[PDB]
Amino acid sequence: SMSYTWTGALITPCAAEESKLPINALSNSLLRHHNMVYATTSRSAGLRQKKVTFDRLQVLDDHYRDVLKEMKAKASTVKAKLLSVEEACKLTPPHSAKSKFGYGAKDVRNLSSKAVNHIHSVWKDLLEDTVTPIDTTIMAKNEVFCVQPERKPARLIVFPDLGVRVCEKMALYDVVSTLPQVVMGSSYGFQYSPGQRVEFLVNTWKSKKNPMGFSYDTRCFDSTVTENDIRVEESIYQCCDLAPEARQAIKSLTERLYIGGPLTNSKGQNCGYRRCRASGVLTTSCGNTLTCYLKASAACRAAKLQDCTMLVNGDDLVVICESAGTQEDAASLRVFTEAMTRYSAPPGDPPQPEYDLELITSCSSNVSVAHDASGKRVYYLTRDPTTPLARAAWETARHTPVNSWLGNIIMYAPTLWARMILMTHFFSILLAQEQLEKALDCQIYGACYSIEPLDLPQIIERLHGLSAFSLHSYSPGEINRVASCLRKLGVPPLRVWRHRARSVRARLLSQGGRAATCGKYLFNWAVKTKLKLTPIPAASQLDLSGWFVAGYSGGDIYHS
């Protein structure tokens, strides 16, 4: 079973593509080494196709079936509801890819008769037809990165028509939003805010007599997902207490879309056929998480890991267990990897045991420690700032659908780099354009949110605590990583950011209201004589319930 079969037709762009970093009057204030930043384009799609195309083989043992039985038992306690057409329409991002049937996302959100009538016809077809493959479009993603030691090819996105996507929501939004946590419990990563993820990892690490942990990187996970895997996923969904109509729709979507289907480029030409995970469907996140959890849990048993605790976020996996010594741990990991491989999940980078929690990277992030105003140790989530800064550079010269700088500030507010650079840089820009009150779209765990920059102090306090505005004395390793990134990209030093931050702060304070609050809390680090920094009122008015519940990457979800 080949993950993909190709016809030879190219994966084409739907518009002009820029690979080199766009430069404007503000670029140099952020970084000088422009040539280090690039965006992937359809021109490298061929390289990616070669990487993701291969045969899959699976050998399923009793551990695999035992874990699946446990998962099904838990799934049977779930009761999910079908979404109405309007509810599903409201979850559609305003700028989602238009339908080829005469209507767009805007029409969907407005509940226009034409869009609504077509959605109903698609739904009706799903109930009556459970065998005809559904068409999908394949595109090369345009993403920004920084040249790495060891340029990456564009990732591929595969998605069905807008009408089908709305139907996916009606049949599965509730399921993908609630089933994972019930089945995986504390191992389900998307139920945690950054701070809660740290808490879980730290408490788990402390729960072992001699902790040992490792991250497991499956090589091209989506391509390793087999027909068996996708049918097993469906069998789990079907354990739920569902309306018969939902069961039919889920069965149909699985047979006609999730298992595989024809691939069409932006020009309308047949590019080939997919027999693996589609990266752009509602169940991509839930499905990968379930499958990764199933295989990893079985592998932990096959390798005889002692008290293994897992944390899974889609294809991202981390395991923390009881150490049996350096030599034995190395042996256990090899067996774990052999098991994963038998399950069709071979590693890209071979896993290695770590005995220092800070050195374990999962979800492209790691736990580190700093100190608050009181001098107390505070654990927080951070990550290598390279990609975040590369994308900020792009966003500095071009307006984009997703403002990664905002999402990164939200998720990494306590970090040295987000505070010193991202906050300072963008608030200066917002001030100059008098766009402080303009809400911006960003993404959290794949879902899109419209957020007002002025609400950041409230958001940060609620999610990270007041200490996020006073962290200092960062770790040697974190300091070295940030310093390295600044040199690599050619970013101005601390003295320059502090100077700018003092100016931005002074300007915000003069604005009063929420702006003044942003200046007081976000930039207290820049002043020589720090201020009070006490709780904030309004903060408790924003509804943050739903932000960290489930993953929706590739799911075309809008939460507002």
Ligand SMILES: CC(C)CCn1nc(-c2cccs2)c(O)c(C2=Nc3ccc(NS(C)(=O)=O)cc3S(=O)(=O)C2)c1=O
Given for the second form:
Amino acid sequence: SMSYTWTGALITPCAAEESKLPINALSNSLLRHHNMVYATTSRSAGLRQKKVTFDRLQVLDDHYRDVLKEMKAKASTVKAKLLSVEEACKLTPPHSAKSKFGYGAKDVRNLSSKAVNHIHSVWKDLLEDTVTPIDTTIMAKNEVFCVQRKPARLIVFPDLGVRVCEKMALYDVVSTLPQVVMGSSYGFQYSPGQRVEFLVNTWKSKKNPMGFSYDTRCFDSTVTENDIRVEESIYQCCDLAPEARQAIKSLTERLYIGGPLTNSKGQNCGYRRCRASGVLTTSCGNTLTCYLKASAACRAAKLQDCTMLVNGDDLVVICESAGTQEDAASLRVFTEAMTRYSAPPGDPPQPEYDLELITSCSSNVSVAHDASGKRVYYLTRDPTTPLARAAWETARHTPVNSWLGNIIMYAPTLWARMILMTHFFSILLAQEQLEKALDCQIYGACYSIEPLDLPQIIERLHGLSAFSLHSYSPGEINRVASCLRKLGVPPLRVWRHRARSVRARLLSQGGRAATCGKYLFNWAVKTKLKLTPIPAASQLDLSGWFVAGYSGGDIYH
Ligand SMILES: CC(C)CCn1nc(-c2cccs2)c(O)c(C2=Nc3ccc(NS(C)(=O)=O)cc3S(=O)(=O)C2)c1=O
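Swap state to the form solved in complex with the named molecule from the form deposited without the named molecule:
Okay, now the whole complex, with that chain kicking things off.
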């Protein structure tokens, strides 16, 4: 069937859109080439519509149904609970889009009677009606990149009340079931370092290792009614409250399977028969579906000891090599299977034999050295997009502070330490806004984070090593430095110089500022300080940062 049918009505915005990098007095200090940097808008929504709209066909064999039976058996060991309206309301982002029924996210958060009462009506409706399609808004995402122009991605989401209801029915399922079903293959269970460890450990268990990333062209659009019903049969495997079963069944039929699409103007834009990107089950659905199709495809392609690491639609396999051109033969059969399963590639998958050159989740393992000289593996990425977005955030205040999220996730990296930390802490200093908590997203979930906690956060996630990394890899150094020349970013010599200022200004304030100055910037000096554990690190509750993924899932921790 066709992933989308369109009526001709446009995908429209709520307000005016900037595609051109906003410029303030702080811009040139970071990036000179403003022409590179752009944001996607509703303007290109037609281009995307062209791309995401295709016919799907599926060829399900025994490998598929065999993998499915295993997955279901594991799933049948999960007991999951209903969240109450109260609990579900507290998982709603303060800034989450308001309801069509006369209330917003903050009404839902402090549990106002208008909000709670409607949500009950929605729930009652879900239990009693299992046929009537649920309305969705379709929108074009505004996202910031560097010239490589990508069209805007699309986002499809149900009304606020339905979203609270999703949490009640499924939050606990989508949080706990993926790890039970897929074990070590589930990626959102890992911090950046734990992901690096699982990869390296897994790479090191192959006699002759081969790995590849599989890029599915428009994953959401490949996902069929079958897949979406297949994944519900997995959900229903759990021990569930009877109202959870009904609600999960109703939500699958009325929402997840598909339904009518409506623009911000209230115009009928058509109909979706594929995965919605703005529902609770998106990340978990994509994860289960990708792991199902991919595990089966390795039985097809007859891959030797195939190990997977799945995060939604992002797939990486590591297996035994059958020789360089037998692998090339192996992957084409894999792709053939994946393609039969309704999941063809965007780019053909190339086999790698250098772990440090496998790109999965936009990232790759690299290597550097700690204080002792000891080789330490860490996760890194191409800083192009991070710095393009940091440029936008230099001039605009936005819902998601990508720089803060990037510093957290990529603290051990050259570019994050030298540029991201140096630029943004300087800005917080200048405004004396070091103490203001900032929203940022990790695995799709929203978090309020105070920048002064960064040292404590970084020690816990990465270890004291991250404050001491040096002698980075030559290909890593080359990539950063080349990205810099491309974006017109100052050379790392200037950043080293700026950082000495920032450190000094931070040390002078004392308190947590000195702590930030001490650990985050010890790299800046030649006469270096000896770094010891911080007391506060034990007191932070990070248990929940890397359990599950919730892209488009309206989650706030
Ligand atoms: C271990 C990690 C460092 C690897 C890179 N990384 N980084 C982040 C960051 C959060 C904040 C700054 S970077 C991050 O939020 C993600 C995420 N990756 C994917 C990938 C693939 C998907 N696929 S989907 C849309 O669910 O079908 C979803 C996500 S996410 O949950 O939105 C977050 C990520 O993969």
